[PDB]
Amino acid sequence: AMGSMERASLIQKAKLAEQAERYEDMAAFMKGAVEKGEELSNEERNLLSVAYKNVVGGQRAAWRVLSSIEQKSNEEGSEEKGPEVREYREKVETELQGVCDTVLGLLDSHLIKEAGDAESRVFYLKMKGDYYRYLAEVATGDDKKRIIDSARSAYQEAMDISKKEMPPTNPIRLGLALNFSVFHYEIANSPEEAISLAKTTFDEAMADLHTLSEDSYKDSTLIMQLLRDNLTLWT
Amino acid sequence: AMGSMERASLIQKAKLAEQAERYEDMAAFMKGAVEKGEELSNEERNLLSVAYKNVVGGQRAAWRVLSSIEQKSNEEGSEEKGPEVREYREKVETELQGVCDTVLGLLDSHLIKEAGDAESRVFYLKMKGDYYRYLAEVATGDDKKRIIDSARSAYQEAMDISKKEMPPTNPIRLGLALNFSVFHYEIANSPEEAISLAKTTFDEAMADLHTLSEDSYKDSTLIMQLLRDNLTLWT
Amino acid sequence: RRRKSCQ
Amino acid sequence: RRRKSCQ
Ligand SMILES: CN(CCS)C(=O)c1ccc(F)cc1
Ligand SMILES: CN(CCS)C(=O)c1ccc(F)cc1
Ligand SMILES: [Cl-]
Ligand SMILES: [Cl-]
Ligand SMILES: [Mg+2]
Ligand SMILES: [Mg+2]
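Protein chains in written order, with this note's numbering: chain A, 963 to 1197; chain B, 963 to 1197; chain C, 150 to 156; chain D, 150 to 156.
Calculated from the structure, these hints are not laboratory results. Treat the hints with care, as some may be off.
[Unchecked claim] Below, a list of computed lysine-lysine pairs in the PhoX-like style, where the Cα atoms sit at most 25 Å apart:
id	chain 1	residue 1	chain 2	residue 2
1	C	153	B	1107
2	B	1125	A	1043
3	B	1043	A	998
4	D	153	A	1107
5	B	1043	B	1075
6	B	1053	B	1126
7	B	998	A	1053
8	A	1075	A	1125
9	B	1043	A	1053
10	C	153	B	1075
11	B	1106	C	153
12	C	153	B	1161
13	B	1180	B	977
14	A	1125	A	1180
15	A	1161	A	1180
16	B	1075	A	977
17	B	1034	B	1053
18	A	1106	A	1053
19	B	1125	B	1161
20	B	1034	B	993
21	B	993	B	977
22	B	998	A	977
23	D	153	A	1180
24	A	1161	A	1106
25	A	1126	A	1075
26	B	977	A	1043
27	D	153	A	1125
28	A	998	D	153
29	B	1053	B	1107
30	B	1053	A	977
31	B	1126	B	1161
32	A	993	B	1053
33	B	1075	A	1043
34	A	977	A	1034
35	D	153	A	1106
36	B	1125	C	153
37	A	1053	B	1034
38	B	977	A	1034
39	A	993	B	1043
40	B	1053	A	998
Using the sequences and the hints, build the whole thing.
This is the structure we're talking about:
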């Protein structure tokens, strides 16, 4: 539905939608921009990520509320309330899966294949891992192991590139490590791997802070604090 | 699209949607429930109001952000950024108008005409005034005066009923007076009427608090504080 | 400080 | 206290 709008106008409206906290609109504008077929700049990649992270974040939070109600409904001593809780959880789940499939579809057609610089390629592979991770959070069926492995594989390729091509303080590299560590802890039942990754990432970033300007130091230390927050929660 | 779902299931899912902060879903479920053609209970009227107030509240907040950007864009010394800000403000405005028209359509078909008790009739007429007020907030054209008069007329009928049939501490009566006072201040350019209405409403409620239980006292004084907040802001 | 309406 | 991911 965005095919008739100029790329630049879509980007401008995505920024307006962000200011207005209209994240569904923001995501639709950024999807339209991606579908123009040109590569995205750093700023545009960030707009795409912000938009869909906010959309899927609302869906995930709602899914967790509904899943908890459904879980309580199926305890001993609970009174039968009918199919409605399951049905509504399923509705939200299907919408969430649709958003994840949309993002994964943009990455596959054709953002990843055209991304040659480390900053773009790592960013997109991180995103692929993230949206498979969100699919894994709700998965229960025959493909759940394959969904988890798809997240793992995308994160691993991103990690391999990031370690070769980026400094240990690079914010994309740090955010990738943060999210892969969460994957290990929450999805892959590997809390020790999660802790080891967070600690190694934190320590290697600490040792590289001396190379940075004040502004880059601020950027890197902010994400390092997220790593520390998780280490404090997990240990 | 809700025609195949049981009324009770729609109400149950509206409550789940509220818990999940999925207010668009909540509103769609409550619209479906209204369209079953039966009158709404007190609880169900509150669910309808909460759902649409949250939906339109997000739209109004976004519209105000966009309207301010557009206003700044049209100042002396501003650089021409093209039609995009106006277009996007118009998109949000049209969506907002659509929600208001939907609510007004439910009230007209056929909630108001079947509402005979003061608590339901005043509630629905207040709602009619509110959604015409939201239309008035964005109106610029030949019908703006008629939109304002439609809000005024609905509020006035609700006020006349509420004064005859409800005690001065009734929360519906208080919330109606609060909103009609805002109408006077913000929409009708009548700040003195707004202040007089808020003060008279507050004082008459104060004098009736002695008749109330602890729980009703809490309910009434909460809305009285909103009246006081406006009086403090306006004087 | 935005004026209050009935929420 | 919910664990942090990259927001
Ligand atoms: C506490 N509040 C909301 C603030 S006025 C109410 O009791 C209420 C009153 C009227 C109405 F139409 C909806 C809600
Ligand atoms: C401050 N943050 C977000 C928290 S990690 C970033 O700099 C960032 C890093 C990677 C990414 F994919 C998106 C954002
Ligand atoms: Cl449903
Ligand atoms: Cl638009
Ligand atoms: Mg490099
Ligand atoms: Mg009475």
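Going through the hints against the structure:
1. 153/C with 1107/B: Holds, at about 24 Å.
2. 1125/B with 1043/A: violated (41 Å)
3. 1043/B with 998/A: OK: residue 1043/B and residue 998/A at ~21 Å, within 25 Å.
4. 153/D with 1107/A: Holds, at about 24 Å.
5. 1043/B with 1075/B: violated (49 Å)
6. 1053/B with 1126/B: violated (42 Å)
7. 998/B with 1053/A: holds (22 Å)
8. 1075/A with 1125/A: holds (20 Å)
9. 1043/B with 1053/A: violated (40 Å)
10. 153/C with 1075/B: violated (29 Å)
11. 1106/B with 153/C: Distance ~23 Å between residue 1106/B and residue 153/C Cα, so the pair holds.
12. 153/C with 1161/B: holds (14 Å)
13. 1180/B with 977/B: At roughly 24 Å apart (the allowed maximum being 25 Å), residue 977/B and residue 1180/B satisfy the hint.
14. 1125/A with 1180/A: Between residue 1125/A and residue 1180/A the Cα gap is close to 21 Å, so the pair holds against 25 Å.
15. 1161/A with 1180/A: holds (19 Å)
16. 1075/B with 977/A: Roughly 45 Å between the alpha carbons, so the hint for residue 1075/B and residue 977/A is violated.
17. 1034/B with 1053/B: holds (19 Å)
18. 1106/A with 1053/A: holds (19 Å)
19. 1125/B with 1161/B: holds (15 Å)
20. 1034/B with 993/B: Judged against 25 Å, a Cα distance of about 38 Å means the pair is violated.
21. 993/B with 977/B: With a Cα-Cα distance of about 13 Å, the restraint between residue 993/B and residue 977/B holds, given a limit of 25 Å.
22. 998/B with 977/A: violated (41 Å)
23. 153/D with 1180/A: holds (18 Å)
24. 1161/A with 1106/A: violated (28 Å)
25. 1126/A with 1075/A: The hint holds at about 19 Å.
26. 977/B with 1043/A: Since the Cα atoms of residue 977/B and residue 1043/A sit roughly 13 Å apart, the hinted pair holds (cutoff 25 Å).
27. 153/D with 1125/A: Status holds; Cα separation ~22 Å.
28. 998/A with 153/D: Roughly 34 Å between the alpha carbons, so the hint for residue 998/A and residue 153/D is violated.
29. 1053/B with 1107/B: At roughly 23 Å apart (the allowed maximum being 25 Å), residue 1107/B and residue 1053/B satisfy the hint.
30. 1053/B with 977/A: Given that 25 Å is the threshold and the Cα spacing comes to 15 Å, the pair holds.
31. 1126/B with 1161/B: At roughly 19 Å apart (the allowed maximum being 25 Å), residue 1161/B and residue 1126/B satisfy the hint.
32. 993/A with 1053/B: holds (18 Å)
33. 1075/B with 1043/A: With a Cα-Cα distance of about 33 Å, the restraint between residue 1075/B and residue 1043/A is violated, given a limit of 25 Å.
34. 977/A with 1034/A: violated (41 Å)
35. 153/D with 1106/A: Between residue 153/D and residue 1106/A the Cα gap is close to 23 Å, so the pair holds against 25 Å.
36. 1125/B with 153/C: Between residue 1125/B and residue 153/C the Cα gap is close to 22 Å, so the pair holds against 25 Å.
37. 1053/A with 1034/B: violated (41 Å)
38. 977/B with 1034/A: holds (16 Å)
39. 993/A with 1043/B: holds (22 Å)
40. 1053/B with 998/A: holds (22 Å)
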